[PDB]
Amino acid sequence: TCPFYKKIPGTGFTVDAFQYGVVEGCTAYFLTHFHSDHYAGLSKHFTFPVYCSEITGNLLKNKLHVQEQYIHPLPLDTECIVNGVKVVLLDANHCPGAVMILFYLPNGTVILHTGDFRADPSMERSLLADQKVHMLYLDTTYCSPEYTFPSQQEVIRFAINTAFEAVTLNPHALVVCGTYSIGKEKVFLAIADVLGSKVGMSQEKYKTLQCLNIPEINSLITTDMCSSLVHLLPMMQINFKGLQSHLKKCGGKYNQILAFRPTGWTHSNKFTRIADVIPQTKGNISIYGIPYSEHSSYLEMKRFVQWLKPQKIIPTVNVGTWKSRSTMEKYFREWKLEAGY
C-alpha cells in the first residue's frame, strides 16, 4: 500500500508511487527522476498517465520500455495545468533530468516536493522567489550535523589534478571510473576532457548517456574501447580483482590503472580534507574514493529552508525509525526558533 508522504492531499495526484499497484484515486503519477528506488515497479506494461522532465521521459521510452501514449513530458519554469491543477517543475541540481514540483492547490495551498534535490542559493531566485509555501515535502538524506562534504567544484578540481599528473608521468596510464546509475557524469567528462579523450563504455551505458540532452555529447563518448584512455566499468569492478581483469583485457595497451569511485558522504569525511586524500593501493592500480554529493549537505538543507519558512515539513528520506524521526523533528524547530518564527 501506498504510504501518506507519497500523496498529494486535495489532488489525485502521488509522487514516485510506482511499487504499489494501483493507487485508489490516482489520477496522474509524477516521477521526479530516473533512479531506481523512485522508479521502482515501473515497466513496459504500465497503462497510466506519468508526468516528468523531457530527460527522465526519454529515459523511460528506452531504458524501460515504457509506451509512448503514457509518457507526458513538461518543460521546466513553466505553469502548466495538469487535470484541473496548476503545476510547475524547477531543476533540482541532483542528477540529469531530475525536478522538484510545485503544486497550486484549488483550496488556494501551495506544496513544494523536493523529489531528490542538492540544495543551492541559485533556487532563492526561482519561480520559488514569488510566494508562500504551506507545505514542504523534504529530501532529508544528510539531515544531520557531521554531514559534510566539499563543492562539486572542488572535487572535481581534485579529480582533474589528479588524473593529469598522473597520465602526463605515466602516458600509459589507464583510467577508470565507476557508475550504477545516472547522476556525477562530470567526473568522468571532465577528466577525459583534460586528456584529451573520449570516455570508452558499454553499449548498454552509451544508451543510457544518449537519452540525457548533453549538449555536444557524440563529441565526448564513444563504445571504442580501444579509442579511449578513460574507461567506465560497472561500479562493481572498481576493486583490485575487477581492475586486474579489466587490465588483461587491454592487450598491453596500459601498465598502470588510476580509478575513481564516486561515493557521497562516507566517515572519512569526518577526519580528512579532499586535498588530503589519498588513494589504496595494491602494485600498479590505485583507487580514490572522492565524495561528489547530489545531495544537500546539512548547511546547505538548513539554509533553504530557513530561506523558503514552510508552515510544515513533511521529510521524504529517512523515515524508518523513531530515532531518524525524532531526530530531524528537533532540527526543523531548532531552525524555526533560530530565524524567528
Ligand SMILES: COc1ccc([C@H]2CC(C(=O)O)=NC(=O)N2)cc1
Contents of the next structure:
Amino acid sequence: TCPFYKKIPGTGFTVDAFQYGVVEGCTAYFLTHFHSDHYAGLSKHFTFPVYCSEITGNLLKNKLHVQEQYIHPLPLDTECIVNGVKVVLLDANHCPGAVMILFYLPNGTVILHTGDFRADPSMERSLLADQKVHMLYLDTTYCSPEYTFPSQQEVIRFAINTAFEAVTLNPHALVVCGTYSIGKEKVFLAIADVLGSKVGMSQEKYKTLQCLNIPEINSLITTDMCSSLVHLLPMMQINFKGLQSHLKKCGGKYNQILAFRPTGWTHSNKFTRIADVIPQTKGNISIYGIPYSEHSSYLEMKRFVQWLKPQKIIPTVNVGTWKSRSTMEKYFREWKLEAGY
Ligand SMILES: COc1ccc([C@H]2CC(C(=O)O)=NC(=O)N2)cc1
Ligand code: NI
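With the form solved without the ligand already on screen, would you show the form solved in complex with the ligand?
Full assembly next; the chain just shown is listed first.
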C-alpha cells in the first residue's frame, strides 16, 4: 500500500511510488531522480506515464529499458501542464537529473516536494520566490543538530590536494574512488582533472555516465584499467581485502593505493575538521572516509524552511519510529517559534 507522504492531494499524482503496483487513482507517476529506493519497481514492463527530468529520462530508457512511449521528460524552470495541473521542476542540488517539484493545485494551494535535496541559498532565486507554499514534503535525512559536514567544495579541495601530493611523491600510485549508481561524480572527475588522467571503470558504470549530459565525457572515461590512474569500484569493495585484490589485477603497473570512500556523514565530523581527517592504513593501502553529502545539513535544512515559511511540513525520511517522528516535530516547532511565522 502506497503511504500518504508519496501522494499529492487533489490530484492523480504520486511521487517516487513505483514499488506498490497500480496505485488506485494515480494518472501520473513522478520520479524525482535515478536512485534505487526511489525508482525501485520500475522495469521494461511498466505501462503508466512517468514524468521526470531529461537526464532521468535518458537513464530510464538506456539503463532500465523503459519504452519511450511512457517517458515524459520536462525542462527545468519552466511552467508545464500535466493532466490539467500546472507543475514546475527545480534543480535539487542532489545528483545528476534530480529535481524538486512545485504543484499548483486547482483550489489555489501550492505544494513543494523536495525529493532528495541539499538546500542552498541559490534556490531562493528561482520560480520558488514567486509565490506562497502551503505544504512542504521535506527530505529530512539529516534533521538533527549533530549533522554538520563541510561544503562540497571544501571536501573536493581536500581530495584533490591529497591525491596530487600522493601521486607527485610516487608516480606509480593508483587512486581509487568508491561509487554507487549515480551522485558524487564530481569527486572522481575533479581528482582525474588535477592528475591529467582518464577515469577507469566497469562497462555498466561507463554506460551510466554516457546518460548524464557531461561535456566531453567520452574523452574523460575508459574501461582500460591500465591507462588510467584514477579507478572506480563499488563502495562495497573499498576495504583492504577488496583493494588488495584489485591491485593484483592491474599487472604490476602500480605499487600503492590511495582510496576515497565518499560517504554522507560520519560522527568523527563532530570534534574534528576537514583538514584533520586521517586515513586508515595497512601496508601500501590507505583509505580516506570523506563527508561528501548530497543531502542538507541540519543548518541548511533549517535556513531553507525558515525562508520558505510553509504552513505544513510533511517529512519523507526517518518516518518509521515514534522517537524519530517526535524529534523532527520538535525541531520544526523551534524553527517556527524562532522565525516568528
Ligand atoms: C524542543 O526545543 C528545542 C529543540 C532543539 C534545540 C536545539 C536547536 C537549536 C537551533 O536550532 O539553533 N539550538 C539549540 O541550542 N538547541 C533547542 C530547543
Ligand atoms: Ni537520492
